[PDB]
Amino acid sequence: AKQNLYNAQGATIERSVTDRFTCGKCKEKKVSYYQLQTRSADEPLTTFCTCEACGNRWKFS
Amino acid sequence: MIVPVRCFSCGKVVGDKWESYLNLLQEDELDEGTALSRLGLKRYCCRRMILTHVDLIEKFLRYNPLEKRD
Amino acid sequence: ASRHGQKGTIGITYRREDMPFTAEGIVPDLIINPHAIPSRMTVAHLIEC
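Chains as they are written, first to last, in the authors' numbering: chain S, 249 to 309; chain J, 1 to 70; chain B, 981 to 1029.
Treat the hints loosely; a few may be bogus.
Straight-line alpha carbon distances no greater than 16 Å define the calculated EDC-like cross-link-like pairs of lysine to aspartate or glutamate that follow [to be verified]:
#1 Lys17/J with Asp55/J
#2 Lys307/S with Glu291/S
#3 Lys273/S with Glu300/S
#4 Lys277/S with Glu300/S
#5 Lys12/J with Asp1009/B
#6 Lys987/B with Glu291/S
#7 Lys12/J with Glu1004/B
#8 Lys17/J with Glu32/J
#9 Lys278/S with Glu291/S
#10 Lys987/B with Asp267/S
#11 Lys278/S with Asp290/S
#12 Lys42/J with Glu1004/B
#13 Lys277/S with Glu291/S
#14 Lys42/J with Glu32/J
#15 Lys278/S with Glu300/S
Which chain B residues face chain J? A few, computed with CB under 7 Å, are given here [to be verified]:
#16 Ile1006
#17 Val1007
#18 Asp1009
Calculated directly from the structure, the hints in this document are not laboratory data.
Every residue gets a Cβ at the ideal spot worked out from N, C-alpha and C, and that includes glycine.
Hey, can you work out the whole structure from these sequences and the hints?
Structure representation (structure tokens):
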């Protein structure tokens, strides 16, 4: 029963924790990040920051 | 292509020194830096003019404007 | 264009009097902007220079 109850759970998307960006909704700096080379290589990398305290999302490029 | 007469940057004249510069390289067996400084080339722009010159005039000269093939 | 993907166009030409000079009387044959270095990360341009 315990093993089944553990196996009925979904994938937990735990994101990298950092304390530099400031959220615009709750202003709690516990905002996760993800950065990649997605925009055209004529321009630098693109970062996307998501607040894990309220659900805010934004982009910096 | 024959050596530029003047320096593109400081206005100096380097055209006449090419013949004497070539002499020091094999008759005196000197290095390139000391040979370049032996002729009063002190700014590195004049050294740039003389040092990096591709003398293409000795290849066209073995040739005629008439009948090149492909 | 340079050998590191940095190309541009001539926007104006100046005569040797309006060119900034060093204490030794040397003058730049051309002048480029430094706002082109960071986002392109062409450190090889600087090292080649």
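Cross-check of the supplied hints:
Of the supplied pair hints, the one linking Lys17/J and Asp55/J holds, its CA atoms being roughly 14 Å apart against a limit of 16 Å. Between the alpha carbons of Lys307/S and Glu291/S the distance comes to roughly 14 Å, so the proposed pair stays at or under 16 Å and holds. Distance check on the hinted pair: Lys273/S and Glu300/S sit about 11 Å apart at the alpha-carbon level, within 16 Å; holds. Straight-line distance between C-alpha atoms of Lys277/S and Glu300/S comes to about 9 Å, which keeps the hinted pair within the 16 Å bound.
Among the hinted pairs, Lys12/J with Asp1009/B is consistent with the structure: their alpha-carbon atoms are about 14 Å apart, no more than 16 Å. A C-alpha spacing of about 15 Å is found between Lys987/B and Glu291/S, which places the hinted pair at or below 16 Å, so the restraint holds. With a C-alpha separation of about 14 Å, the suggested pair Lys12/J and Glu1004/B falls inside the 16 Å cut-off, and the hint holds. Restraint check for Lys17/J and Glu32/J: the C-alpha separation of about 14 Å stays at or below 16 Å, so the hint holds.
As the CA atoms of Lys278/S and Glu291/S are separated by approximately 28 Å, the hinted pair breaks the 16 Å bound. For the suggested pair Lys987/B and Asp267/S, the alpha carbons sit about 39 Å apart, so the restraint of at most 16 Å is broken. The straight-line distance between the Cα atoms of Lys278/S and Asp290/S is roughly 31 Å, outside the 16 Å bound, and the hint therefore fails. Restraint check for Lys42/J and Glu1004/B: satisfied, since their Cα atoms lie roughly 10 Å apart, inside the 16 Å limit.
Between the alpha carbons of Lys277/S and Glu291/S the distance comes to roughly 27 Å, so the proposed pair goes past 16 Å and is violated. Under the criterion of a C-alpha separation no larger than 16 Å, the hint pairing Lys42/J with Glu32/J is consistent with the structure, at around 13 Å. Distance check on the hinted pair: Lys278/S and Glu300/S sit about 6 Å apart at the alpha-carbon level, within 16 Å; holds. Nearest Cβ of chain J to the Cβ of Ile1006/B: about 6 Å, under the 7 Å cut. The hint holds.
The closest approach between the C-beta of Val1007/B and any C-beta of chain J is roughly 6 Å, which is under the 7 Å cut-off, so the hint is satisfied. The beta carbon of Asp1009/B is positioned within 7 Å of a beta carbon in chain J (closest approach about 6 Å), and the interface hint is therefore held.
In this structure, the earlier hints numbered 9, 10, 11, 13 are contradicted, and the remaining ones agree with it.
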